[PDB]
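Student: Below are the chains, spelled out letter by letter.
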Amino acid sequence: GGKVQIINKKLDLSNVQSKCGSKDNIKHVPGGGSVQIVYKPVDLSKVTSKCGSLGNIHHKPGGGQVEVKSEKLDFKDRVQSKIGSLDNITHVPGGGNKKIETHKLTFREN
Amino acid sequence: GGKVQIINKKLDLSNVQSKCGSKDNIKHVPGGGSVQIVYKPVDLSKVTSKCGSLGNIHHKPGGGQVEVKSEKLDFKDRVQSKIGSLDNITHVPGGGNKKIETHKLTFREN
Amino acid sequence: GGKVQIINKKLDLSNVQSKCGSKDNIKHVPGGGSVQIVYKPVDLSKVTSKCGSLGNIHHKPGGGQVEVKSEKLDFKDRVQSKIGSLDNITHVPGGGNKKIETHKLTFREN
Numbered sequence: 272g273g274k275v276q277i278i279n280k281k282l283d284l285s286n287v288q289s290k291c292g293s294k295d296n297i298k299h300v301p302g303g304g305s306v307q308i309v310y311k312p313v314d315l316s317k318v319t320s321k322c323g324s325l326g327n328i329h330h331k332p333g334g335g336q337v338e339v340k341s342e343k344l345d346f347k348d349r350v351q352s353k354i355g356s357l358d359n360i361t362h363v364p365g366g367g368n369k370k371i372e373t374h375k376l377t378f379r380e381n
Numbered sequence: 272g273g274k275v276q277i278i279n280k281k282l283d284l285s286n287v288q289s290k291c292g293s294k295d296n297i298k299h300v301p302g303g304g305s306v307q308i309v310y311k312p313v314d315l316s317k318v319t320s321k322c323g324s325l326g327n328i329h330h331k332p333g334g335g336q337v338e339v340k341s342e343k344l345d346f347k348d349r350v351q352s353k354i355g356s357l358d359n360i361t362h363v364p365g366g367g368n369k370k371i372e373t374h375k376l377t378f379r380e381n
Numbered sequence: 272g273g274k275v276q277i278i279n280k281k282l283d284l285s286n287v288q289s290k291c292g293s294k295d296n297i298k299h300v301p302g303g304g305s306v307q308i309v310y311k312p313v314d315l316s317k318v319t320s321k322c323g324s325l326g327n328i329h330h331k332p333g334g335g336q337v338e339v340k341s342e343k344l345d346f347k348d349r350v351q352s353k354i355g356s357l358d359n360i361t362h363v364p365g366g367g368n369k370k371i372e373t374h375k376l377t378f379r380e381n
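Residue numbers (the authors' numbering), protein chains in the order written: chain B, 272 to 381; chain A, 272 to 381; chain C, 272 to 381.
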């Protein structure tokens with residue numbers, strides 16, 4: 272067989288994390304007078320920190336699926352749109368001090 | 272068979288986390304006079320910290336699925352839209368001091 | 272068989288992370304009076320830090336799938352659009368002090 276032996280003496284292990292994984296000032300603004308939106312933001316961010324870690328010790332792990340880490344993400348979509356007619360008309364007749372803004376987007380970081 | 276033996280002496284293990292996983296000032300603003308919205312934000316963020324950890328020790332784990340970590344995410348959508356006619360009309364006749372803003376978005380970080 | 276032996280003496284392990292994985296000031300602004308949007312931002316960012324780590328120790332792990340890490344991401348989409356007619360008309364007759372802005376985007380980092 273397989274003998275496993277571990278000897279440790281006068282160790283010193285330290286693991287420090289600071290402000291890890293923080294998410295701040297996130298804005299989600301979809302829409303804008305649209306018709307169909309499939310808004311599915313997906314995040315899988317992993318911030319892993321290990322120190323002095325040991326893996327698994329197995330003797331004859333035989334048969335089928337053993338310590339199998341399986342992750343499946345299925346996001347299948349079926350979106351259909353049937354419209355008779357689409358018009359975006361900005362009809363501005365006459366005369367005067369008119370100021371028209373449509374879908375006005377302004378970003379100012381400063 | 273397989274013998275496993277672990278000896279430890281005068282260890283010192285430390286694991287420190289600070290402000291970990293914090294989420295602040297998150298804004299979700301969908302809509303805007305739309306028709307159909309599928310708003311499914313999904314997050315799987317993992318912030319893992321380990322120190323002095325040990326895995327599993329198995330003797331003949333044989334047969335079928337053993338210590339299998341299976342994660343399935345199914346988000347299947349079926350969205351249908353049938354509209355006779357779509358009009359966005361900004362009819363501004365006459366004359367005067369008119370100021371029209373439609374879907375006005377302004378971001379000012381400062 | 273296979274003998275495994277580990278001897279350690281007077282070790283000193285340190286693992287420090289600071290501001291790791293932080294996400295700040297993220298803006299998602301889709302839309303703009305569109306028709307069909309499939310908005311699926313997907314992130315798999317991994318920030319991994321290890322020190323003094325050990326892998327797994329296996330004796331005859333034979334049979335099937337063993338310690339298999341399988342990740343599947345399926346995002347299949349089927350989007351259909353059938354429209355009779357699409358018009359974007361900015362009809363501005365007459366005469367005056369008119370200022371028309373459509374889909375005006377201005378970014379000012381400063």
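Treat the hints loosely; a few may be bogus.
DSBU-like mimics (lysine-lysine), calculated; alpha carbons at most 30 Å apart, straight line [unchecked claim]: (1) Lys-317(B) x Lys-375(C); (2) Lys-317(A) x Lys-347(C); (3) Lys-274(B) x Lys-331(C); (4) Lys-311(B) x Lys-294(C); (5) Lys-298(B) x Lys-331(C); (6) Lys-280(B) x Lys-274(A); (7) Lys-281(B) x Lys-281(A); (8) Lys-347(C) x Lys-274(C); (9) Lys-321(B) x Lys-370(C); (10) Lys-347(B) x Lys-274(A); (11) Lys-340(B) x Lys-317(A); (12) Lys-298(C) x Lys-375(B); (13) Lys-331(A) x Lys-321(B); (14) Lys-331(C) x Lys-294(A); (15) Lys-274(C) x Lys-343(B); (16) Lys-290(B) x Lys-317(A); (17) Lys-311(B) x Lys-281(A); (18) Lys-343(A) x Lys-317(B).
Calculated directly from the structure, the hints in this document are not laboratory data.
Student: Now look at each hint and say whether the structure bears it out.
Tutor: Results of checking the hints against the structure:
Taken as a hint, the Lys-317(B) and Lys-375(C) pair is broken in the structure, with Cα atoms around 38 Å apart against an allowance of 30 Å. Distance restraint check for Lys-317(A) and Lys-347(C): the Cα-Cα separation of roughly 25 Å lies within the 30 Å cut-off, and the hinted pair is therefore satisfied. Only pairs whose Cα atoms come within 30 Å are accepted, and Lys-274(B) paired with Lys-331(C) is accepted, the gap being roughly 13 Å. For the given pair, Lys-311(B) sits about 18 Å from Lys-294(C) by alpha-carbon distance, which is consistent with the 30 Å threshold.
With a C-alpha separation of about 52 Å, the suggested pairing of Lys-298(B) with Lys-331(C) is violated against the 30 Å cut-off. Annotation: proposed proximity of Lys-280(B) to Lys-274(A) holds, straight-line Cα distance about 21 Å (limit 30 Å). A threshold of 30 Å between alpha carbons decides the hint, and for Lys-281(B) with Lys-281(A) the separation of about 5 Å falls inside it, so the pair holds. With a C-alpha separation of about 49 Å, the suggested pairing of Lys-347(C) with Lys-274(C) is violated against the 30 Å cut-off.
Between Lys-321(B) and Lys-370(C) the alpha-carbon distance is near 60 Å, which puts this suggested pair outside the 30 Å criterion. Restraint check for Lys-347(B) and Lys-274(A): not satisfied, since their Cα atoms lie roughly 49 Å apart, outside the 30 Å limit. Taken as a hint, the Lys-340(B) and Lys-317(A) pair is honoured in the structure, with Cα atoms around 15 Å apart against an allowance of 30 Å. A distance of roughly 16 Å separates the Cα atoms of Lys-298(C) and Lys-375(B); the hinted pair therefore holds under the 30 Å criterion.
Note on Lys-331(A) and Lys-321(B): the hinted pairing holds, with a Cα-Cα distance of about 28 Å set against a maximum of 30 Å. For the given pair, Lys-331(C) sits about 45 Å from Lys-294(A) by alpha-carbon distance, which is inconsistent with the 30 Å threshold. This hinted pair does not check out: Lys-274(C) and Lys-343(B) have alpha carbons roughly 38 Å apart, beyond 30 Å. Between the alpha carbons of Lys-290(B) and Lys-317(A) the distance comes to roughly 14 Å, so the proposed pair stays at or under 30 Å and holds.
Restraint check: the Cα-Cα separation between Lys-311(B) and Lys-281(A) comes to about 51 Å, which exceeds 30 Å; the hinted pair is violated. With a C-alpha separation of about 18 Å, the suggested pairing of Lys-343(A) with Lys-317(B) holds against the 30 Å cut-off.
Of the hints listed earlier, those the structure fails to meet are numbers 1, 5, 8, 9, 10, 14, 15 and 17, in rising order.
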